[PDB]
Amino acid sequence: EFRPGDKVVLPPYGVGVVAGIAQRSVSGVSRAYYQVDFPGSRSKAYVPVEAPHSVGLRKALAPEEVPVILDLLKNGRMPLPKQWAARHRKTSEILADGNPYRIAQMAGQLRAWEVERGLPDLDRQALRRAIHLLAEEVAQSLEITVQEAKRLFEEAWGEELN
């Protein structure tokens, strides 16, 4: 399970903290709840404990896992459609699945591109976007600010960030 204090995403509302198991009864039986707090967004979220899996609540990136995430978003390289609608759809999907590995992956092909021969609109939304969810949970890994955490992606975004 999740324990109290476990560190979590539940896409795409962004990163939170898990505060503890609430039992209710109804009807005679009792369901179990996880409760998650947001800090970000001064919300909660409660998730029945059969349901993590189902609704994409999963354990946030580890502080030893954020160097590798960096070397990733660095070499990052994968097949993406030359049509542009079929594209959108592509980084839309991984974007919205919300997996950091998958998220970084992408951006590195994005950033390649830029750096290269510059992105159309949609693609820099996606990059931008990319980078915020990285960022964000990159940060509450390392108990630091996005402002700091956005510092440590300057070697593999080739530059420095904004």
Second form
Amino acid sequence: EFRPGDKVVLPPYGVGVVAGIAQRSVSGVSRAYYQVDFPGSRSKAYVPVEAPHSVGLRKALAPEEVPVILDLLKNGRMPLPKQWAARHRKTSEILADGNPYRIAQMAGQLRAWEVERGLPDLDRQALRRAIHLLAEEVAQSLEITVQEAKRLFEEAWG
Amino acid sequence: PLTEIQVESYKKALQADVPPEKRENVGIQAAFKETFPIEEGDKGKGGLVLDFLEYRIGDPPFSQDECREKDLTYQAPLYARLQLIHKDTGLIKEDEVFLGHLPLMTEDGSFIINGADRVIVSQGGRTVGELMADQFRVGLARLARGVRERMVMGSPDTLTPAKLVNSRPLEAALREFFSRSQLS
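The form deposited with the partner chain bound is what I need now, so please give it after the form deposited without the partner chain.
What follows is the entire complex, opening with the chain shown before.
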């Protein structure tokens, strides 16, 4: 299901790369894990093989899933809660789940507001954090820097 | 010599050259292993575990000279490899995190605290390392009973070793230990 050198995402630390399959005994119970190495980080994650989707692990965007993300940032709209509390809750969730598509579509909506109607700072931080995350996974997917992945986004807006 | 045991007291107290796996349950290692692991939650709810793998000491920003020619300390940052495990899902998250800056001895046998060439003394049979190694145990005590307080405000999927940890309680523990020391 997952193989060494696979580029991956694991909410919340984001992108990483499957090192291999690790055997750890943890609390008296030995089990096999997928090991994930994180970007210039010295931080790792170990995901039980038995069910890794079950626990949030996924592949990152392929280079061809990328132009659809760029379209979401450019033209993405989604309905958002009337009230700020519920809205921040929604956005907080979307950001956590780490669904790149949902995040891009959110970000597209949020940016849109920032233009036409105006974006509350609270929501703005949701946009930044969204950008941040997408820039890293896109940078990973196309093997370009994060600065370069952002600059892409910048153009998608104008 | 008196100063000989002390530059050795401190020496093995640290094992800063020992490969962590070849490091022995002594001093700092002892402090860590006494303190760790930290479990919390009922296993089912936010069943958590924060566990210790090893500590590393990253060499000092400056040699003797510069810590001396400046009102600062001859210090090494200390970091530890920790794993957070959700007892729920079996997921392990391993970070290396920064705990505190850590003062170093000279071959002479002294520290350069805030520039001051201060000195701690061997009391009640305890040596330098020992007396200190127990102060280490103190901060870590304070830090546990932190980490485990955080352990029960939920946020399981969001949580990380990094987020369970800060440098304050250990900073304090050595801040005080070295604010009680001679001046050569």
